[PDB]
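**Q** All chains, full assembly: derive it from the sequences and hints.
This is what each chain is made of:
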Amino acid sequence: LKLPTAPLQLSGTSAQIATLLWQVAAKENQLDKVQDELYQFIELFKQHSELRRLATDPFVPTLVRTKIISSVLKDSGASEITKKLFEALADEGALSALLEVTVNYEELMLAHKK
Amino acid sequence: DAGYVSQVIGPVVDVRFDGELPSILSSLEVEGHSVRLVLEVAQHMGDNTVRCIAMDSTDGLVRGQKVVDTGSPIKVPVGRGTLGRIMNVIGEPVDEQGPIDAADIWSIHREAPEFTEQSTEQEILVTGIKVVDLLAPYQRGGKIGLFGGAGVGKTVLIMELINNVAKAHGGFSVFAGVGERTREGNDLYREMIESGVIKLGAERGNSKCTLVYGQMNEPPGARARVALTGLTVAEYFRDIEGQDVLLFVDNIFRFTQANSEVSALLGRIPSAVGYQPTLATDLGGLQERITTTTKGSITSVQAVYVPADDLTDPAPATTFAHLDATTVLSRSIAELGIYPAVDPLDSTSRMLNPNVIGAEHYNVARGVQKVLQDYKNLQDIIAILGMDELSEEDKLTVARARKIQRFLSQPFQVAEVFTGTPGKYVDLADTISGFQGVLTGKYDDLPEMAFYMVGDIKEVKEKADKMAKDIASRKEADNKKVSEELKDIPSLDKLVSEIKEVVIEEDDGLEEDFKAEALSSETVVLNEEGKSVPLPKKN
Amino acid sequence: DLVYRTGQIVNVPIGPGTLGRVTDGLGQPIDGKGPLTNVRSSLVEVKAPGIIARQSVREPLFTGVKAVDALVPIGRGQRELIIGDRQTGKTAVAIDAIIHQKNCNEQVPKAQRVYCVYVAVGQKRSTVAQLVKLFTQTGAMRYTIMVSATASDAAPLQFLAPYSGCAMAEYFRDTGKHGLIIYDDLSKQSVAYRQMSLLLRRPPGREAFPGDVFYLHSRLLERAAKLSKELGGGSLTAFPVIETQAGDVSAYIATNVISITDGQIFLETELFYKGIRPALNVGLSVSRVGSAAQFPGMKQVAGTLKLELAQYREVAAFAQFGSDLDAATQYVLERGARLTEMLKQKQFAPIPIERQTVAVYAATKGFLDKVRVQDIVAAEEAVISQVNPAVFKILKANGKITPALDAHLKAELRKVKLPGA
Ligand SMILES: Nc1ncnc2c1ncn2[C@@H]1O[C@H](COP(=O)(O)OP(=O)(O)OP(=O)(O)O)[C@@H](O)[C@H]1O
Ligand SMILES: Nc1ncnc2c1ncn2[C@@H]1O[C@H](COP(=O)(O)OP(=O)(O)O)[C@@H](O)[C@H]1O
Ligand SMILES: [Mg+2]
Ligand SMILES: [Mg+2]
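Residue numbers (the entry's author numbering), protein chains in the order written: chain P, 37 to 150; chain Z, 36 to 574; chain V, 142 to 562.
There's no promise every hint is true.
[Unchecked claim] Okay, derived cross-link-like pairs now, DSS-like style, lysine-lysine, Cα gap no bigger than 25 Å in a straight line:
#	chain 1	residue 1	chain 2	residue 2
1	Z	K501	V	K447
2	Z	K498	V	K556
3	Z	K501	V	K440
4	Z	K501	V	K487
5	Z	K504	V	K551
6	V	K551	Z	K550
7	Z	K405	Z	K510
8	Z	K110	V	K534
9	V	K447	Z	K504
10	V	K556	V	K534
11	V	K506	Z	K459
12	V	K188	Z	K535
13	V	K556	Z	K522
14	Z	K510	V	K551
15	V	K556	Z	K510
16	V	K556	Z	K515
Everything labelled a hint here was simulated from the structure, so no lab data went into it.
**A** Below you can see the structure in the form of structure tokens.
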């Protein structure tokens with residue numbers, strides 16, 4: 037529609053998530069907010085094995101994946117972009133992409149702070 | 036607990052099941068389709084998805100349409116209640132005689148019987164065809180195959196085997212029409228209605244045939260499984276009722292062709308000529324069930340299409356190992372006019388042992404094949420030079436083999452609608468004696484084309500003296516007040532008033548009953564609420 | 142861009158308002174005569190009528206081509222393939238078949254008429270405009286629809302145009318009338334389907350064709366049927382046309398449509414340049430309706446004509462050595478030469494069936510043994526134009542050559558002069 041343009045163009049389907057994640061967090065001026073919120077999940081995937089089961093194990097049902105991510109992120113004051121982000125990835129099973137969205141969210145944040 | 040349609044690519048549907056996938060080969064019923072659509076699970080795709088082949092056409096399937104599992108493979112009626120009926124692939128009656136009363140509802144998917152329950156008892160099946168009973172004799176209880184390209188006479192030969200073998204036979208019969216013309220399926224149905232093989236109405240119990248039809252118009256899911264359905268009807272008679280069944284499969288090639296029509300959409304990369312990688316194992320999984328066990332016997336006659344008369348193609352050449360007697364029909368026998376166009380030097384039988392049919396039959400058959408093969412060797416001279424460089428060394432083999440070639444020809448009772456000659460049925464001892472007479476030299480004085488299209492060795496002399504009349508009538512048939520204009524006929528202009536005029540209108544009568552429809556000038560689409568609006572001007 | 146679904150599976154206008162019009166592959170008229178009026182919208186992909194909905198193919202469909210009413214006889218409701226190379230006579234046989242139904246519809250009542258449909262897939266617009274000009278000059282357009290998906294049109298239109306033409310022809314099959322559908326270049330429909338399926342990323346097969354290119358043609362050609370009397374007794378006769386590459390009928394689509402259809406009319410590019418026109422290969426041409434769907438009287442001469450042509454074919458491949466006169470083979474050779482010169486025919490002039498069976502009776506009874514080989518096409522015209530025209534008026538009415546007629550024309554064929562000594 038009318039979104040702020042990304043600081044630099046990027047690759048496909050994993051940086052296009054991070055470009056769109058940057059493009060909506062800029063209209064909210066929460067660029068430094070969700071970059072902190074993405075980093076907290078990367079340590080969270082380092083801690084719990086029952087959480088990175090929802091991103092690698094192909095036998096969890098796609099209902100149980102999208103319910104657990106919602107049932108955890110009802111609270112804590114996480115930004116409403118990221119709790120909409122993680123429900124988009126949990127419906128599609130693209131929770132593995134978060135490690136590659138974050139490294140593509142970084143250089144968008146780096147070229148915004150120049 | 037039900038599934039919904041995830042993907043539709045032609046005749047192949049992927050159905051997504053939230054918990055408890057169906058087993059492979061299970062039948063799935065699409066809920067809400069216009070015609071009854073049945074899918075059969077081919078594989079588990081991996082992500083709660085089964086991939087299915089549809090038994091009817093999939094035009095009208097919506098992604099998300101409910102699909103209910105039946106928990107079992109495609110189940111068809113079996114028993115006496117199917118006798119005299121025409122069944123679909125899924126056992127629906129398509130003969131408009133009402134529903135099918137069923138002794139049972141058997142699954143069409145089965146294992147081949149076992150090795151312990153195999154029946155190694157070879158006895159002959161006399162069919163009444165001269166070349167068949169001489170050179171590749173069929174086995175009563177065995178698998179028979181009729182190979183030939185398009186238009187050489189496999190359908191006519193299998194009609195001749197229907198009215199020559201299945202007519203005077205004790206047990207019941209199944210005709211599995213697998214992917215052939217619906218015209219000839221209707222022709223077979225009518226020719227068995229008026230013959231008394233299928234009796235309608237109240238005499239339906241006295242019918243001795245079941246038709247299962249999967250003809251060419253149907254999607255490849257139906258043609259791939261109609262042979263299994265007809266085999267299920269025959270396996271019920273073999274196992275449960277325990278009798279001698281006849282299974283006529285027309286064009287077993289179409290089973291493999293319909294498998295390869297969906298095989299690329301089932302996610303399999305293709306093998307050689309273009310067939311599926313699972314070609315031989317699909318063919319074997321069907322063909323190892325058509326066997327004489329110790330319970331009953333299924334003596335099957337299978338037509339095989341040979342695509343552009345190339346017997347090295349993998350779909351004809353794979354099913355050679357599944358048959359006891361192969362009848363290779365040739366085009367080169369056919370444009371000599373010899374019918375049935377059975378290649379004598381390509382048709383084999385396991386009943387060609389001297390232990391089985393005896394030595395005095397086997398020696399006649401081997402001598403006939405020897406004589407015809409030596410004539411085939413001499414044809415690269417006697418089609419070049421002109422039979423004057425043989426000096427009666429091998430020229431009695433040419434004059435013997437040319438009579439043997441015409442004597443293998445035979446008129447058919449089912450082909451009298453083509454041929455102006457009533458059909459013949461030859462006994463086995465009669466054709467043994469007749470071919471022994473030509474290969475020894477007992478009939479070396481007759482004309483050559485006295486042998487063409489005759490019954491047996493009495494009829495070659497009954498045709499020789501008929502031609503030895505009608506050579507004498509070719510000198511005087513003109514005058515003697517015998518073909519004149521007032522011997523036996525009226526005048527020319529009186530016959531124009533003898534006929535009476537039919538009435539012609541040339542208003543053509545098209546708009547007599549036609550209910551028209553005001554066609555939309557501009558195109559009309561659905562909005563988000565589903566209502567027919569015109570196309571919006573926002574381009 | 143926004144895509145709106147119309148809620149409809151693909152339709153075409155069928156009805157009496159399509160007779161005379163030139164439509165594209167989706168039904169919209171391209172002849173510039175306004176929209177189709179007296180029609181309704183029917184589906185494109187219907188199921189072919191089943192085993193009960195059919196009856197046996199009995200009555201003939203006269204083509205007017207002499208080499209197919211005698212040798213390859215065609216019934217109302219069968220599918221006869223016209224397979225050949227390029228520029229051998231396929232569209233010529235199709236056009237003769239349509240023009241002859243125009244000539245026959247004037248002499249039959251309305252329950253015997255045949256309404257033709259010509260489906261031009263992958264041709265030029267110039268060729269289709271030429272055919273429409275020809276059919277208006279002959280008068281065949283009051284019975285003919287032309288569904289033309291030309292080469293500039295999209296591949297889905299060329300793929301759907303045989304189904305569109307067959308659905309416009311199924312109105313006549315379903316109302317008890319009779320139809321004649323001619324899918325010219327069914328090979329080009331297979332090529333359009335291959336393109337449309339290769340771009341949809343469906344995996345290719347033999348000659349990069351899809352897996353279901355057999356089903357593409359079987360579900361189309363099975364819709365040509367002779368219906369039972371409960372469903373009206375209508376008929377649809379299909380003439381698919383398949384072009385081969387240097388006589389290779391072992392190609393994929395050629396073997397598929399040979400397998401589907403009843404008969405085949407195989408034309409040769411070597412017989413075409415021997416002067417034999419229509420270039421029919423009389424050995425490989427089959428008709429699996431048999432002589433059950435043949436005009437009587439033509440049947441009385443056709444088995445003889447087939448048998449002498451079968452002898453003339455086989456005692457040839459020795460006719461190069463004209464030195465040794467054998468007097469038994471040589472009579473067969475020059476008699477078959479009389480018969481082979483008989484079946485030559487100029488195009489765009491189909492013959493009535495009575496004149497065809499009289500011209501074959503005048504050659505199978507030996508009346509033309511005096512005339513040389515090279516001058517029978519004028520001798521047969523002298524025979525046809527010099528017998529009384531009241532022979533045909535009762536040969537057409539009687540249906541067969543009665544004993545009160547086979548000795549009338551036995552004397553009529555001798556009181557005419559034949560151009561040859
Ligand atoms: N019986 C005939 N007598 C004289 N000329 C003929 C006869 N049949 C065909 N021809 C001529 O031979 C040529 C054959 O072309 P035809 O209409 O057959 O095209 P086609 O083979 O159907 O298709 P393509 O044009 O793609 O090859 C035409 O020029 C036609 O006029
Ligand atoms: N025994 C026979 N006598 C006369 N003609 C025959 C005989 N067998 C086959 N034919 C001819 O061969 C054609 C092939 O018919 P069909 O058997 O349907 O072909 P296919 O074997 O390809 O199914 C028939 O139309 C018929 O004219
Ligand atoms: Mg057949
Ligand atoms: Mg053409």
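**Q** Hey, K556(V) versus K515(Z), does the alpha-carbon distance stay inside 25 Å?
**A** Satisfied, since the Cα-Cα distance of roughly 19 Å is no more than 25 Å.
**Q** Keeping to a limit of 25 Å between CA atoms, is the pair of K501(Z) and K447(V) held or broken?
**A** holds, 22 Å
**Q** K447(V) and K504(Z): Cα distance at most 25 Å?
**A** holds, 24 Å
**Q** Would the pair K405(Z) and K510(Z) pass a check requiring their Cα atoms to be no farther apart than 25 Å?
**A** violated, 41 Å
**Q** Compare the distance between the alpha carbons of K556(V) and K510(Z) with 25 Å, and conclude whether the hinted pair is satisfied.
**A** holds, 22 Å
**Q** Assess, step by step, whether the Cα of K498(Z) is no farther than 25 Å from the Cα of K556(V), and give holds or violated.
**A** Measuring from Cα to Cα gives roughly 37 Å; hence the hint is violated.
**Q** For the pair supplied as a hint, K110(Z) and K534(V), is the alpha-carbon distance within the 25 Å limit?
**A** Distance of about 60 Å is beyond 25 Å: violated.
**Q** Is it true that the CA of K556(V) sits at most 25 Å from the CA of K522(Z)?
**A** holds, 18 Å
**Q** So if I understand the rule, the pair passes when the alpha-carbon distance is 25 Å or less; does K504(Z) with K551(V) pass?
**A** OK: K504(Z) and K551(V) at ~24 Å, within 25 Å.
**Q** Compare the distance between the alpha carbons of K501(Z) and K487(V) with 25 Å, and conclude whether the hinted pair is satisfied.
**A** violated, 42 Å
**Q** Hint check: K501(Z) vs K440(V), CA-CA at most 25 Å. Holds or violated?
**A** holds, 23 Å
**Q** Do the alpha carbons of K556(V) and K534(V) lie within 25 Å of each other, as the hint requires?
**A** Satisfied, since the Cα-Cα distance of roughly 19 Å is no more than 25 Å.
Checked against the numbered hints above, the structure breaks hints 2, 4, 6, 7, 8, 11 and 12 and satisfies the rest.
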